[PDB]
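Q: Residue strings, one per chain:
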Amino acid sequence: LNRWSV
Amino acid sequence: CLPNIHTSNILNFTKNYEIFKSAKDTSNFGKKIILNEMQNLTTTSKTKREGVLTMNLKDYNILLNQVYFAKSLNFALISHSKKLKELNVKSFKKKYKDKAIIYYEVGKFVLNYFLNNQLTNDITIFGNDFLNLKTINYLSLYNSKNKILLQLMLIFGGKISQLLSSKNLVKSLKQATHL
Amino acid sequence: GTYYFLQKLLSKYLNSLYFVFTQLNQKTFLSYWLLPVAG
Amino acid sequence: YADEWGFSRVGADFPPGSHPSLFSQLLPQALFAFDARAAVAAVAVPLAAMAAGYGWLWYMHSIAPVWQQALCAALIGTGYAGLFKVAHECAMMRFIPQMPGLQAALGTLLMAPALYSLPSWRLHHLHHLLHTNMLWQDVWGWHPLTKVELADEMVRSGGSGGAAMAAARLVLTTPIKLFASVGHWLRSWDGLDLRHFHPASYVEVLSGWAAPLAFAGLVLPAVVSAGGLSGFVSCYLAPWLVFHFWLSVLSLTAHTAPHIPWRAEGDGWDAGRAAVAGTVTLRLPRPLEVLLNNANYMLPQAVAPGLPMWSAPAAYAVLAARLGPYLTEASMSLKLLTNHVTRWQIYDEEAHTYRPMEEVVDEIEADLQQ
Amino acid sequence: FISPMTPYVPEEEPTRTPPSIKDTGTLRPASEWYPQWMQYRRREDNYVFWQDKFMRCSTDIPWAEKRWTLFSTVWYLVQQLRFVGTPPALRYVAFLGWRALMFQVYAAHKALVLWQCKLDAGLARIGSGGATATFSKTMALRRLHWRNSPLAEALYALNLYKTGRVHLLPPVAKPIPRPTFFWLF
Amino acid sequence: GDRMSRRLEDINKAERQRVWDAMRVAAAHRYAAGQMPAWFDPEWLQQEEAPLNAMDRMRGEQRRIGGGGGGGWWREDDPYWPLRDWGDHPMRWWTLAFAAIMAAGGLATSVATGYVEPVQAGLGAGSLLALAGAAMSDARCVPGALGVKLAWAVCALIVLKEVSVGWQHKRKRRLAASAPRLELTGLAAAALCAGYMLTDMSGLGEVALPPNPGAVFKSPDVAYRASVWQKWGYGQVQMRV
Amino acid sequence: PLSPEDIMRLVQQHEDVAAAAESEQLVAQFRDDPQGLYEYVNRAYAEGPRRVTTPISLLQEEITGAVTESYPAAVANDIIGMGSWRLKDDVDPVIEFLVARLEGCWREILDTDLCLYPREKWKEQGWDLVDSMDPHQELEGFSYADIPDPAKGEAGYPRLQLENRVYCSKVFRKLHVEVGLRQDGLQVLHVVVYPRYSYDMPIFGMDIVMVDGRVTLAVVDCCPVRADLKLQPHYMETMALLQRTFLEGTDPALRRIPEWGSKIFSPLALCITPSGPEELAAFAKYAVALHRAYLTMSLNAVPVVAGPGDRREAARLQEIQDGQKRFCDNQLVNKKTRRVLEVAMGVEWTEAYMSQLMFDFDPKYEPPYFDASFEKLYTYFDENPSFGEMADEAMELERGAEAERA
Amino acid sequence: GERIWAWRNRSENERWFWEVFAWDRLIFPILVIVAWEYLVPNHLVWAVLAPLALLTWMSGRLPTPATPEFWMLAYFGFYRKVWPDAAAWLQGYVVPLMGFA
Amino acid sequence: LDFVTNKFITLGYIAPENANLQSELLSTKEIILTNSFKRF
Amino acid sequence: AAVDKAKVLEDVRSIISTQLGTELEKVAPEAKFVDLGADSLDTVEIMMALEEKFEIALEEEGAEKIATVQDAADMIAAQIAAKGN
Ligand SMILES: CCCCCCCCCCCCCCCCCC(=O)OC[C@H](CO[C@@H]1O[C@H](CO[C@H]2O[C@H](CO)[C@H](O)[C@H](O)[C@H]2O)[C@H](O)[C@H](O)[C@H]1O)OC(=O)CCCCCCCCCCCCCCCCC
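Which chain is which? The protein sequence lines are A, B, C, D, E, F, G, H, I and J, in order.
Letter by letter, the first sequence follows residues 1944 to 1949 in PDB author numbering.
Letter by letter, the second sequence follows residues 2339 to 2383, 2401 to 2425, 2443 to 2461, 2503 to 2532, 2549 to 2605, 2629 to 2631 in PDB author numbering.
Letter by letter, the third sequence follows residues 265 to 278, 317 to 341 in PDB author numbering.
Letter by letter, the fourth sequence follows residues 64 to 433 in PDB author numbering.
Letter by letter, the fifth sequence follows residues 39 to 223 in PDB author numbering.
Letter by letter, the sixth sequence follows residues 93 to 157, 190 to 365 in PDB author numbering.
Letter by letter, the seventh sequence follows residues 22 to 427 in PDB author numbering.
Letter by letter, the eighth sequence follows residues 157 to 257 in PDB author numbering.
Letter by letter, the ninth sequence follows residues 2924 to 2944, 2953 to 2971 in PDB author numbering.
Letter by letter, the tenth sequence follows residues 5 to 89 in PDB author numbering.
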């Protein structure tokens, strides 16, 4: 999905 | 100053243990419910439902100290051990050598248990050998002759048991003044 | 218990994902146009 | 003379050292079979009687006379006593041994209307079977009031008064004695205490308690919600009391007589002397035996705990032809009931002399403290 | 089988963090930064003041306090508004007000405990005639440190009132474990 | 030295107890499967303590030396008998008494008025509270934890219904007279709820919401972090650890 | 139509049919392969080493390449041999082989319940190793190598040295091996296994007396404890079957009955004077096989309890105690024999050894035992462990990968 | 700072839920699906097929029956909007063709 | 010593076969030794 | 934990004196509180003041056996040593 979300 | 960490029991077992226990809950109280479902005189009220680790982490730490010393304790090591389990699911000299090795190990651990446990101080502790230079300096500059002799007994217990458990072959070899 | 030994005697016979949504703002802001228009 | 109390065929004397399962070899293996027609009849005939009674009840609810309501309630209670006998066979693992899951589900579903637990019931009845006619230990059974205990609550409590000297004088001197299975049912909950039980059977005991609790929390509010107190006494409470009357009468006539003694262990108590000599077989008319599902024939089930219910009268005929003088029979009549109510109340532990309450009280009353 | 005299008391994992090393336990406010007993201890053995902050907030967190639930999801908003949503100046003046109020309520509780000692002596006279008229100072400190359950207080008071026995005390109340209801809290 | 011999001993004792509990749980699962050897005794599953810890405690102790719950003495000897650990939950007789008075009050109210909500929300909740009180008779097991949770759920539902919806038989003509409020039944159920919370509810704390990827951001376990990554839909995000 | 007499007879039928059933259920294990009671060591050697399939050993083989191997208990005790005996070098090869076989049978069959006898009874008095020239233990038990053997005629000659090994178990109150040596070539092995005073079990006995390396007396027996001096049918059948299996030839009587064994000897008791290496080998095989059969039948033995209820169990317990007392007294009045090897270690010390150790009877003293029986659980769960839900997920991923790849 | 550090170590899940999950993956998809079904006419294309295409393009995942977006489009879409029309057409064409009614 | 050696052979050991290229003791081998050191 | 028992005793004496009314001299180590004429409740108030001053929890079991100023300072110093752990 998104790298900064995890 | 950050002193050395290569300490066989203390800052290896405790270190790896808190590292392992800090990553997950590892609480299985509810899984004890099957202990209350054992005397139903019926058919049901098993398989991979067992989500409990029946392995001591001390054994994995013994392995991780046999290697890379004499990788850490995580779930990848346990998965590798499970995978290796799934993929795996003239003689008198051998007898003499095997007997010498096992009696050395047995005597060493017998001496370790007797000195460290048969002498607060409740749980059985199996202290470990390989005194380093720091330990040697502490025991030489401080403590006493008895406390040095205890470490020497810890050192020599295996050879003492090897000597005590060995067949003298002179009385089996020599046949019939000082006869 | 009172029936501890009797109960002992008669018992011994004498997919991988969650059901969650996916974010729609990872590609466009256009889904944010529905909120004020519907409000 | 022992037909002076309706105890018709009486037993002379039994030698000790014998075990009741020992006599199972007297029963041929043809009786230990599965008759599917007999099983279906044993479930269906009392269920047919219960359905007929309830259809009558929905026919005439309150326009009916009291005696007509009482007769219909007696029919429903007798049908449920037959269904409870079926559930007792399911608890004893001898109704459908091929399907233990269906056996357990059927027993629990047929014991839920009685507010009884299948695991607790089979536990207490196995305890009663292992301690049959044995003093101070059987509990789950018609343990008599011994003159020693009447003496205790007669002198250690002071004079002739007392809570257990008024409760006992109300129960074991009056026809409410024929409804003491209500007290047995209250005792059967074990205080809702799990500490009596093995820790490995906690889930079974909890589920066995929960299914009657599910009944009393779901079906009973629906009954009071569909007729009130008038629709609850006539629909559930009167059949419940009739079923408890049948259970009390069968249990009281099974193991209580002047010629049957109650001895503690080590005093001379023996399993054979307590089972195939300490059991009185109640005899009922054949429609009553069919409706009660042969629940008065408990002696062959005691001597062979794998013998199915439908073969019980045939196996009892075999045992009465084989054993001979050791068995006791009694026809169902007013004589047995009036003797159990007015005469056999207190058991002195000296010559198995069941006596009226007062006559024994008189001894421990005008003597002991006097 | 291997029954060791004393019936085995299972030692469950802790559910609450152990109280801080600067705590008083007596409803009195703790000190501002330093718990004031360090001055009566040697230097370089007072290392366990920061070794309480570590393993009270970093390394020995009980896993019952890391549980994610609906109540903790709601409570994160309260804590976030307290820490990053409210200015530290207003937090400081509210902290001063709470400190003063807690000092006042500690003085009130101390006076109440002394009056309970007087009531202890009175109930110990009515029940032993006139002989025993003292009071248990250990029980006084137990009331002050909130180590007593209300049932223990009532049982001890009744015990004084009808047999005396000042120095026969109820058991100390165990700490209340953190309640958990699945995904709710 | 000490403080590390003590720490090592406590770690060894805790790990031995964890291994013994895991071993008896797995042995239970295999014995119920009929996959056990013939020498296995299921009574060993009743050994709660680890055998080595039991032996160490034997060594230590050999080198060193109103009518509920249990008994009752009433101002003569053993005066603080209610606080003794009898094996049951403290609120067992309270929840059994509340079940009894709820069933009795519901039956009496439905008989007196004719409304069926008092009997349906009466005996129906009293049976659940009686089952919870039965399950709380041994409050050291999973049935004990489940019983206290079920009793709290029933009492919280009673409080919620009383203070949100109200009682149907208490419906009146005026809107201000309807007034769901909090009467004695809701007060008793809330007091029981507070009693459960303030006596014991810990147990089955492993059942919570599944751990977020924010939990395992600083976790030292790459396998656990990747498992949470994959379960929460991310999966293919580069870990770079 | 049944009669009280025939009800009692029917009880008798059931009662002794259960006995018959138990007896054949105990003999059936040895009925098929009696040579398996002796050739078990050779069969375990032919089985060879077992690769230890534990996850720790598998990880050791995967990383270091070192393979952990285990052996069966039979070849384990064959590797051990005599063991750490203090006098293991001066003994005869026949005595050493017999001691190794019987001690290995003890440590293998009676595992997880074999305790060492309490040291305050035999070891704190220094009776584990006694020397004739040092009766007061002035050399801390090192006299066997600290003192040279006496010269001929010189006081102390002949020197007598006795080493004892006393064990306990769940079903056995005393398993005693005594090895005695003397300068005139005489060596004595005395192995006695005592059941407790709760089992209807015979006392196992063996005495091997040899002079100058030649065996002169060899006795093996399951001495009964009952009043009629007869054994149970399983013991009689096992002894007859083992005699047929291993004795084979030789003279059929071979029983001098030297006026003292007649009160303790079983009808199938063996007391020979071996004449030939073939007869000695046959006796050694028979004796090892009989000891293994005795220990194997010890596994399913059930203790006899009494008190309330019935008194025939109390009569059986009194018969057991009387039989054990009779055996101990008959071995104590043996002073026209083996006690002559004593007296060199005094007469009062001979009494204080004979009564206290070996043949000792007491109603009130039962030796404590430690039945672990959970080391089986620990070894089972080291062989077949559970690795947790995370490892289950990892193995699921691996299985899916191999399914999609292979 | 000590209390913030303690609370930040305690929570560690609620902060990710409130910073990543709560709007973008819980509330916003629900809001846009409800808003779209409230806005667009009761048409099969506008209530099912066009939101299917738009959600697939915006999220990179087709709404499989294992996905909650499919069930939101099945209830707030097909069931709330086009199922009445489908019902009428079905009861007047297929149900008699099945022989019923 | 003999008892611990007999119970240690059956558990397993590293044979000196030189297929390559013991200070802590494992858990079952520690249970065996602690059971042997029970005494009385 | 190497508690300065001299400092602990000096501050304990100061607290005892401050509460009662005596000077620092009259509060001697071996002096009993009974000598100073602190009543039962007053002794309890003194223990409370000691708890407040040292910011520690007094060892409840054993507070009935605090007789000397030296005993009070010794129990307090043991608690100061046991606090750090
Ligand atoms: C010399 C300067 C002149 C003024 C100074 C003193 C005069 C007036 C002081 C403030 C007003 C009265 C305060 C009384 C009750 C405290 C209010 C409260 O709820 O309690 C506040 C708590 C207490 O602070 C923190 O509290 C934490 C939690 O403890 C307590 O936290 C709560 C206390 O409410 C609960 O009671 C809980 O049970 C208890 O544990 C810690 O323990 C610490 O004490 C501390 O970190 O803070 C929190 O969580 C909430 C944070 C924000 C709340 C702000 C409330 C008031 C702000 C006033 C701003 C106006 C500015 C003008 C100046 C004039 C002031 C009127």
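Treat the hints with caution; some may be incorrect.
Claimed, not checked - Straight-line Cα separation of at most 25 Å, SDA-like style, residue types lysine to any residue; simulated pairs: (1) E:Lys156 / J:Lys69; (2) E:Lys60 / J:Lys9; (3) B:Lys2510 / G:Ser105; (4) C:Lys276 / E:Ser41; (5) E:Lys156 / J:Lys9; (6) G:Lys191 / G:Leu338; (7) E:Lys148 / J:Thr22; (8) B:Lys2507 / G:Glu369; (9) F:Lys285 / A:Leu1944; (10) B:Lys2506 / G:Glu60; (11) G:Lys356 / G:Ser105; (12) B:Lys2362 / F:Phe132; (13) I:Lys2969 / G:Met379; (14) B:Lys2596 / G:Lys356; (15) B:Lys2353 / E:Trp184; (16) B:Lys2359 / F:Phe132; (17) G:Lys346 / G:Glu117; (18) C:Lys276 / F:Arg208; (19) B:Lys2603 / G:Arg180.
Unchecked claim - Listed next, with one range per pair, are the computed distances between beta-carbon atoms: (20) E:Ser58 / G:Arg71: 26 to 36 Å; (21) E:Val131 / F:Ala303: 32 to 42 Å; (22) D:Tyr64 / F:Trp217: 35 to 45 Å; (23) A:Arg1946 / G:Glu83: 51 to 61 Å; (24) F:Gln292 / E:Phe109: 29 to 39 Å; (25) D:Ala226 / E:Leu115: 57 to 67 Å; (26) F:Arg155 / G:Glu340: 34 to 44 Å.
Stated by the list, open to error - Taking beta-carbon pairs under 8 Å as the criterion, some of the chain F residues facing chain E (in silico): (27) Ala125; (28) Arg149; (29) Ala228.
In short, the hints are calculated from the structure, not lab data.
All C-beta atoms, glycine included, are put in the ideal place defined by N, C-alpha and C.
Q: Compare the structure with each hint and give your call.
A: Now for the hints, and whether the structure bears them out:
1. With a C-alpha separation of about 19 Å, the suggested pair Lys156 of chain E and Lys69 of chain J falls inside the 25 Å cut-off, and the hint holds.
2. Note on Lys60 of chain E and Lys9 of chain J: the hinted pairing holds, with a Cα-Cα distance of about 20 Å set against a maximum of 25 Å.
3. Distance hint between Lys2510 of chain B and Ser105 of chain G is fulfilled; the C-alpha atoms sit about 16 Å from each other, no more than 25 Å.
4. For the proposed pair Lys276 of chain C and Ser41 of chain E, the alpha carbon gap of about 23 Å is at most 25 Å, so the pair holds.
5. At most 25 Å may separate the alpha-carbon atoms for a hinted pair to count; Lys156 of chain E and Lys9 of chain J exceed this at roughly 33 Å.
6. Restraint check: the Cα-Cα separation between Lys191 of chain G and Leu338 of chain G comes to about 17 Å, which is no more than 25 Å; the hinted pair holds.
7. The suggested pairing of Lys148 of chain E with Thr22 of chain J holds, with an alpha-carbon distance near 18 Å, which does not exceed 25 Å.
8. Taken as a hint, the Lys2507 of chain B and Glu369 of chain G pair is broken in the structure, with Cα atoms around 48 Å apart against an allowance of 25 Å.
9. For the suggested pair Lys285 of chain F and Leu1944 of chain A, the alpha carbons sit about 43 Å apart, so the restraint of at most 25 Å is broken.
10. As the CA atoms of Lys2506 of chain B and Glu60 of chain G are separated by approximately 22 Å, the hinted pair is consistent with the 25 Å bound.
11. Between the alpha carbons of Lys356 of chain G and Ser105 of chain G the distance comes to roughly 31 Å, so the proposed pair goes past 25 Å and is violated.
12. A C-alpha spacing of about 32 Å is found between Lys2362 of chain B and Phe132 of chain F, which places the hinted pair above 25 Å, so the restraint is violated.
13. A distance of roughly 23 Å separates the Cα atoms of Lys2969 of chain I and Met379 of chain G; the hinted pair therefore holds under the 25 Å criterion.
14. A threshold of 25 Å between alpha carbons decides the hint, and for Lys2596 of chain B with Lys356 of chain G the separation of about 35 Å lies outside it, so the pair is violated.
15. A C-alpha spacing of about 37 Å is found between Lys2353 of chain B and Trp184 of chain E, which places the hinted pair above 25 Å, so the restraint is violated.
16. Annotation: proposed proximity of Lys2359 of chain B to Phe132 of chain F is violated, straight-line Cα distance about 31 Å (limit 25 Å).
17. A C-alpha spacing of about 30 Å is found between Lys346 of chain G and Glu117 of chain G, which places the hinted pair above 25 Å, so the restraint is violated.
18. Restraint check: the Cα-Cα separation between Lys276 of chain C and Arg208 of chain F comes to about 34 Å, which exceeds 25 Å; the hinted pair is violated.
19. Restraint check for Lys2603 of chain B and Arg180 of chain G: satisfied, since their Cα atoms lie roughly 22 Å apart, inside the 25 Å limit.
20. Checking the proposed 26 to 36 Å range against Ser58 of chain E and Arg71 of chain G shows it is violated: the Cβ atoms sit about 56 Å from each other.
21. The hint said 32 to 42 Å for the Cβ distance between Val131 of chain E and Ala303 of chain F, and at roughly 41 Å that hint holds.
22. Restraint check, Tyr64 of chain D to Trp217 of chain F: a C-beta distance of roughly 54 Å breaks the suggested window 35 to 45 Å.
23. About 35 Å separates the C-beta atoms of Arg1946 of chain A and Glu83 of chain G, a value inconsistent with the hinted range of 51 to 61 Å.
24. Restraint check, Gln292 of chain F to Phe109 of chain E: a C-beta distance of roughly 31 Å satisfies the suggested window 29 to 39 Å.
25. For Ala226 of chain D and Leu115 of chain E, the Cβ-Cβ distance of about 60 Å falls inside the hinted range of 57 to 67 Å, so the restraint holds.
26. A hinted range of 34 to 44 Å for the beta carbons of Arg155 of chain F and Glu340 of chain G is consistent with their spacing of about 42 Å.
27. Taking 8 Å as the C-beta cut-off, the interface hint given for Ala125 of chain F is violated, the closest approach to chain E being about 24 Å.
28. Interface hint at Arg149 of chain F: satisfied, since its Cβ lies 4 Å from the closest Cβ of chain E, which is below the 8 Å cut-off.
29. Below 8 Å, beta-carbon pairs count as interface contacts, and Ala228 of chain F has none with chain E, the closest being about 26 Å; its hint is therefore violated.
When the structure is compared with the earlier hints, violations turn up for hints 5, 8, 9, 11, 12, 14, 15, 16, 17, 18, 20, 22, 23, 27, 29 and for no others.
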